[PDB]
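A.B. asks: Below are the chains, spelled out letter by letter.
8 protein chains.
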Amino acid sequence: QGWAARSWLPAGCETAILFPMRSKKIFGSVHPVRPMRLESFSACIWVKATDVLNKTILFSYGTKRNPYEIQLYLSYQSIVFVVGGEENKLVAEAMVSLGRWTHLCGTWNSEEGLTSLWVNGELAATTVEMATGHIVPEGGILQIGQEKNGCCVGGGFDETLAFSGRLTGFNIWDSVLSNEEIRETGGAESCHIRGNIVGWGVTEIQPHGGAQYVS
Amino acid sequence: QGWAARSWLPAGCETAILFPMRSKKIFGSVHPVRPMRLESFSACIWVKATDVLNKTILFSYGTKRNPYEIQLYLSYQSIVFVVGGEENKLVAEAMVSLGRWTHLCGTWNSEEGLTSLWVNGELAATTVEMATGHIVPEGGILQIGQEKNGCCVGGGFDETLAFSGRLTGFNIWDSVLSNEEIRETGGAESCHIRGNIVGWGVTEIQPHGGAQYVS
Amino acid sequence: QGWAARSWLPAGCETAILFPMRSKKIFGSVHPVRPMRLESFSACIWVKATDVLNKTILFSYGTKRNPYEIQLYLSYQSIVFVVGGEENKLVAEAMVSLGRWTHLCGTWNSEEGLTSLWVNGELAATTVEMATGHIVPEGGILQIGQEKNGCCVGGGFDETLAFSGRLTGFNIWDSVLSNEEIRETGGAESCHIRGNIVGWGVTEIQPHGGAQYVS
Amino acid sequence: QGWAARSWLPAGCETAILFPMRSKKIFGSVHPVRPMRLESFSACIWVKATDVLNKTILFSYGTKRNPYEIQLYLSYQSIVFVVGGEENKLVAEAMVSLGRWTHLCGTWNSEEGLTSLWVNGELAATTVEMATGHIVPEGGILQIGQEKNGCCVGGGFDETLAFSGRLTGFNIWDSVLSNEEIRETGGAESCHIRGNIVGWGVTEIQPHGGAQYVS
Amino acid sequence: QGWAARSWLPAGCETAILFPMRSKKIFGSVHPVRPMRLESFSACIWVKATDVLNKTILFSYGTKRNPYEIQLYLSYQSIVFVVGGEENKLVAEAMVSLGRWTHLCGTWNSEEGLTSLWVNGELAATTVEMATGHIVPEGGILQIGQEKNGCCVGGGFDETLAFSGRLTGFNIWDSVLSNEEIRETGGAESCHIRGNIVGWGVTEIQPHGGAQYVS
Amino acid sequence: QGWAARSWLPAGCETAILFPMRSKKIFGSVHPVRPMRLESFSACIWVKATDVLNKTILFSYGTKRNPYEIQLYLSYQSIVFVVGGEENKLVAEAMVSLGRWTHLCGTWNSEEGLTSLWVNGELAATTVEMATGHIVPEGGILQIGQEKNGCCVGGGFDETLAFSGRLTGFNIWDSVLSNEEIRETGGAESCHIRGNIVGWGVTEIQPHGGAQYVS
Amino acid sequence: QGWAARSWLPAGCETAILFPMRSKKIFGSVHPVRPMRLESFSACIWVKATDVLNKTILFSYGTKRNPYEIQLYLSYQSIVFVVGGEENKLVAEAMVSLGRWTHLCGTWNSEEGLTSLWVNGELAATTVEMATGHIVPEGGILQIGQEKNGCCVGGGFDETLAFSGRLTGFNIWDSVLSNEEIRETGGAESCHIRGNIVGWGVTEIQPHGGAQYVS
Amino acid sequence: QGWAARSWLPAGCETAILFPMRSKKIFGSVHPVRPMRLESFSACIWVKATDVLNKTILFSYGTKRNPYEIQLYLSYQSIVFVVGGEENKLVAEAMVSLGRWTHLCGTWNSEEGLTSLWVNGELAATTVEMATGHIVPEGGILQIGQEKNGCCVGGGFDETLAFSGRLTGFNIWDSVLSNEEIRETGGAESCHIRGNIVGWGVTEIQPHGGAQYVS
Ligand SMILES: *[C@@H]1O[C@H](CO)[C@@H](O)[C@H](O)[C@H]1NC(C)=O
Ligand SMILES: *[C@@H]1O[C@H](CO)[C@@H](O)[C@H](O)[C@H]1NC(C)=O
Ligand SMILES: *[C@@H]1O[C@H](CO)[C@@H](O)[C@H](O)[C@H]1NC(C)=O
Ligand SMILES: *[C@@H]1O[C@H](CO)[C@@H](O)[C@H](O)[C@H]1NC(C)=O
Ligand SMILES: *[C@@H]1O[C@H](CO)[C@@H](O)[C@H](O)[C@H]1NC(C)=O
Ligand SMILES: *[C@@H]1O[C@H](CO)[C@@H](O)[C@H](O)[C@H]1NC(C)=O
Ligand SMILES: *[C@@H]1O[C@H](CO)[C@@H](O)[C@H](O)[C@H]1NC(C)=O
Ligand SMILES: *[C@@H]1O[C@H](CO)[C@@H](O)[C@H](O)[C@H]1NC(C)=O
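Chains as they are written, first to last, in the authors' numbering: chain B, 167 to 381; chain A, 167 to 381; chain C, 167 to 381; chain D, 167 to 381; chain H, 167 to 381; chain G, 167 to 381; chain E, 167 to 381; chain F, 167 to 381.
The following block holds chain B by itself, in its conformation from the complex:
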């Protein structure tokens, strides 16, 4: 039991990415096939955080002129969803427990800045007028476990921002999932339902700097 418990993966998922540590060079890169130009999206992930600091990035999308087009990050017990800029922040106060698998979904629509944050399929936080009329542009860099800064040596990333733990089932839909669907994506057998922008198991994800597929 002790092995099967620690080797357990949440949905029917068969692969995860391990972050054995935080460091200045560990990150995952995500390579969507179709462009990340979005007027609304849902972004869901399974996270098993080892340790949480002031700001541990789960995933981050950013362009050249705006590093913070989308972020999902943990702040101790809290979860922080960011769209369009650091000032555009939705906080779920107390939701993440270390060392156990928890499912997160962000959800945002430009047309009313309508934003929503879900934990294990329950509405954790909601807000309106967040980045109203903003459009997430194409051509940015999407990462997991780290924020845009630089993989290209000379210092690397900010080690204090890095994720440590395990991730699986990273999915982005170019659209707001209905509440019913959001509960489905967290379901016991849900790993096969995957996003149309980023689909876990189809979209190229490269671990770097000591991140590993745990297959």
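Fair warning: there could be bad hints in the mix.
Keeping only pairs whose Cα atoms sit at most 27 angstroms apart, straight-line, the calculated BS3-like set for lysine-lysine is [said to hold, decoys possible]:
id : chain 1 : residue 1 : chain 2 : residue 2
1  : H       : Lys255    : H       : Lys230
2  : C       : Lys221    : C       : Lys191
3  : E       : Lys221    : E       : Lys191
4  : E       : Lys255    : D       : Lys230
5  : B       : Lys230    : G       : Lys255
6  : F       : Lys230    : C       : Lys221
7  : H       : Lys221    : A       : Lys230
Calculated from the structure, these hints are not laboratory results.
Fit chains A, C, D, H, G, E and F with the ligands to the supplied structure of chain B, relying on the hints for placement.
C.D. replies: Just chains A, C, D, H, G, E and F with the ligands now, kept in the frame of chain B:
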């Protein structure tokens, strides 16, 4: 059980190749010791497809002058077996299911263009006069999960053609297997039955571009 | 059962580092974020030694001018804790059995040179006036399984000093842990307890020379 | 039990080396710290052969002047032990079954050329006057799964000689083990018994060319 | 004077590619940024051939379905220009001398199949109705010194086809250059004249397999 | 003469960086020891441009928040100097010529936004009130021949922005050089004059993506 | 003058291989396309030895059974030519001077064991009945600057045997060259004369372990 | 003359090592085959320093217990020769010119601690009773251009200690050279006279971290 099931391999096989994603660079290369000059053959494989598009390659043999000497590939619900050229398709209409280990095996003979396609040991489709009198040349490149295209350059493959999922038990015989032998190669303990042209566990197979042995 | 036994990891821990052999090049490097300047410390680790010689290093800290600022090493059945110099040696006489996961943790305070060794939560040895008033300097190199000698080129480490076996849960605190906390760090569910100088799963640890994360 | 049988390792052994295929470049290199100068020796290994040809090398010791100072190899159902030269050959006739873990020991003494083969702890063959008065020289290259000639010329080994399958517990003693000890090295809990020239888990073994530790 | 001669480069160019040998893996890859779709073109190069066989490739463009969309190759003293297929040759006679820098430039127009071959600025051969109405397709692979073949397998190319010697000033224009311009591109200080499809010093060229920039 | 001329380097300098082409991955990285926090600066370089587009970067400093803290780039015959943002631009109209070693210096002072641009030691453009009171921040990435966008990710730079040609003598001073000193940095024997922020031959510069030291 | 002299190459040769040192891992590998089965041969090379020990290898051919099928090596001022075995040896007594380009060429014919050794085009030694009726086998490994031994990770070659200095113009003919031709291969422009078994500039030669092409 | 002057190397030497910059990772490693146990020695080098700080290492020998067994390093105007420990300095005050080739020899004898420092063949400084009766130990690490730390570490060395510029003719004799011999080693054609412990061109020297052979 779920942790045992998520790691189960179909026959007694004890290695598979994981394709964690489709990508411009992911493929397996296969290096037969004896030449791929064939007047008849049987080609069997275990596949566990993650996701299927319009054409996802399971394996492909091609020469410099003809990229499509042999192909087995999946369409959204269908298995397509190609010999001698893209125009020579045998299509089995409706019997590949995602996330389930299924055994496929194709059989062809030049002498009457007699071709046959088998799924989990059942005859799925058959045809005659397919590539009649054609001989598969030697000196081609055999790949799994991707079709012959640009390989040494950055990227170079068509990302939409790539396999994603798991493969095991890829076998090629320089002969038409009898119907009883075809049912054997799918059997519960069949992994030790291996091809004389390509034998799983014997023929050198190199995963590239993020494909992994899952040993 | 035996298969689940050979993969069992001691506390709730889910990653370990395997040393498949001793050699002139195998070691782990440890990269603390905050400086290793210490006036007292606690250093705990889980070890499953394959084979023990006159001196098998579990971990070693040192600088240019003093290679032996801290060492924990095994000497056949004995455990040896070193602080400030090779002359400053605390020996627990008969405490390591091969092939069994055992928890070791050392504690030292400069203010009285007070020093203790703990094995599976029981006080194994203690001494006073060991390196009294010494301060462990910063900017040194911390290693697991090997002592300062190699890196770079030439197969520089002493192969006879190298660890072989498995390690997990390497932790360093910048303080003397109370006896009750020391018994906690060996507990069945303790892996979430991690040090503020080195934390297992948080501090960057790089295996080299054939050392592997097993995870 | 599907996964447990596949992942079972014979003695208490907690690592093996997988040869996923035969090829011109796959081999293991073994690096004894003390010299391979031998007037007698015992050499034991666990093998799980995938496929056996005319000659599949399990391990081979040779020098520049003589590639065949020691060989253990399989020849279909037969096991062949070589000392001092290809002419000096002891054959056990029908002793190796594919896909099953089996334990082999060779034993040789120069003083009478007395030689024995053991399979699963039973004496399988014996002979006398084999390489009488010969001394195995030091300074040779010891390999597992492949024979000396080749390497670095793009592999350059004879693909037909290569092992495929799994190996564990490779051990060499600089002495004739007694019959009682030989039965112990095959025991259910014997993996802690290791040789003084080559010890499994102690002597550096490097897999090359697609050979892998399975850990 | 001896050293000045050995290092001399023909036009004002200050960069060449050396092919120190022919082999199964030496080639240059060329990466035009705008597509190689051509209804007419001019292709000029400086060659210093070390040794010429029956077919030594200077450059080759081909697609998956047609390896021979464009080739320029030497055949002993003869020079052979290919467009649209092997069957479509323009052969100049007795024109390349080994070890001497010579400028070659091909020219072709689909509209009348008008084709022309130039050596050191003099018309060497001309023909008409060659690949009339053919359009060179985009999306192929352009190489220097070697022909489209396998490249990501070990070796893979036909060693007898490979160039050996030095190359510089490889240029392609999406148009027929006038005779005046063709004489200019061979000029003593012409090297700054570069093509709009491939420009020397501008288009990415990667030497592989022991080819070197000697700049 | 031509052999000596093609290898000539401008001042006494005895190394340069060659950009053989303008690919998506070619760039130089520059690693100042002391911080790039600047209230005034002088930046000088020797350039021998092969080919110039709308915008060919000579060097670029930028942070995560602002990619354009400092840029010097060529636009056909024009030189463009940027400080604090793309809107803050000083253009020298018509004085870079392809294939000729030319020396450039930009100087800027925050305290009046006083900015000046120099070509071969002659004042070429000047402006007041450019980025007045702005301070260039620390912690950015300094590059030569390319603009911050992103290595990894398969290259990820804009190919049209990349420099091609040769560079030497890149120097940055944390002060406005006097007009006399600017003429000195251009002098025929000036290579020993180097900056206190970036000094040619002391600051670490790494060529990437096919950029080469020519030594 | 000295700048030209230090870079001068002997014949018209436009490429050399530098051995900067005599380490345990430096060697050149030579890959003839047609087999090294020889009943007679001629083997010529240019050498500029830095330092000579009792045995410095210029080139060596051997098989697993016999490392010494052909060797040319220097022994202080002496030159030693070996065919078929170390016992079969032709010694030119006092003929190699350090730091000077000197042409050596050996010549052997099995039919009478007729053997000849030439220095700068002059007959230096001759003998008969050397390896009479021996045939040099195919399938051996040909090296320059080092003798057949361990490559791999095997600790490498014998450092004392290694060449240091420069080599060019290594050529092997499958025949005895006439005396007139032997004087030609040393001539002022002779670098274009190359062997039919090994030809300098056409046969693949790979420098390893710090050996460099000087081009 | 412009190129010939900057390409000139001091003695007959025809290779040097370039340090294009100081950095945390640039160094040379030196691998004497016979032990560095010394009771007296002479150590000579050609240096062309680009830039000199408080302490720029030319070469350094150190053990595990003592980093400073031997050092030769420059200071802003001065050469400092260290034997046995940092406290044992022989300082020559005012005689390295930046950018000009100069020949340095250190000379030390344990018996009277007699030490001598020579610049361009003239006695620069002398002292007695320096490290009297000390013996330089076996088994240390000898470096050029940097002081003993670990590398790895993503760097590790103090960047402010690193050499930048060019080095050639690094020679160590296990003896005090006579004054006559010391004037020889600096001679116009002295490159061929080389040390018996370290000989330039025979002892393996590996450049690391962007140090380059210039050949
Ligand atoms: C956590 O993050 C916020 C940024 O939103 C920062 O203001 C604060 O300093 C952090 N908390 C602590 C305790 O440092
Ligand atoms: C599926 O593939 C066929 C080729 O047989 C193609 O004609 C068709 O367009 C594809 N379907 C879709 C929906 O793209
Ligand atoms: C074990 O180590 C000690 C050093 O503390 C040494 O004196 C001794 O030789 C060693 N014992 C053996 C049996 O080698
Ligand atoms: C098996 O090996 C022997 C060498 O001992 C050889 O004579 C024989 O040809 C081989 N057998 C077959 C069937 O090839
Ligand atoms: C060269 O190739 C041509 C084919 O174009 C062939 O006809 C000819 O015989 C070949 N010659 C040789 C010597 O191989
Ligand atoms: C060159 O750059 C400028 C930006 O200042 C832009 O306005 C213009 O479109 C460009 N010129 C061309 C011909 O594209
Ligand atoms: C050199 O080699 C020969 C063997 O050919 C040997 O007889 C002799 O001892 C050696 N000489 C020296 C000085 O080592
Ligand atoms: C240079 O080095 C010496 C060490 O002998 C030291 O005393 C001094 O502080 C240094 N000089 C400067 C200007 O830092």
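A.B. asks: Determine for every hint whether it applies to the structure shown.
C.D. replies: Going down the list of hints, with the structure as the test:
1. Using a Cα cut-off of 27 angstroms, the hinted pair H:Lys255 and H:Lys230 holds, with the two alpha carbons roughly 20 angstroms apart.
2. Proposed proximity of C:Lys221 and C:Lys191 is supported: the alpha carbons are some 17 angstroms apart, at most 27 angstroms.
3. Proposed proximity of E:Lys221 and E:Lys191 is supported: the alpha carbons are some 17 angstroms apart, at most 27 angstroms.
4. Among the hinted pairs, E:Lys255 with D:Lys230 is consistent with the structure: their alpha-carbon atoms are about 19 angstroms apart, no more than 27 angstroms.
5. Under the criterion of a C-alpha separation no larger than 27 angstroms, the hint pairing B:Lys230 with G:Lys255 is consistent with the structure, at around 19 angstroms.
6. Among the hinted pairs, F:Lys230 with C:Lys221 is consistent with the structure: their alpha-carbon atoms are about 17 angstroms apart, no more than 27 angstroms.
7. Annotation: proposed proximity of H:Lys221 to A:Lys230 holds, straight-line Cα distance about 17 angstroms (limit 27 angstroms).
This entry satisfies every hint, going by the numbered hints stated previously.
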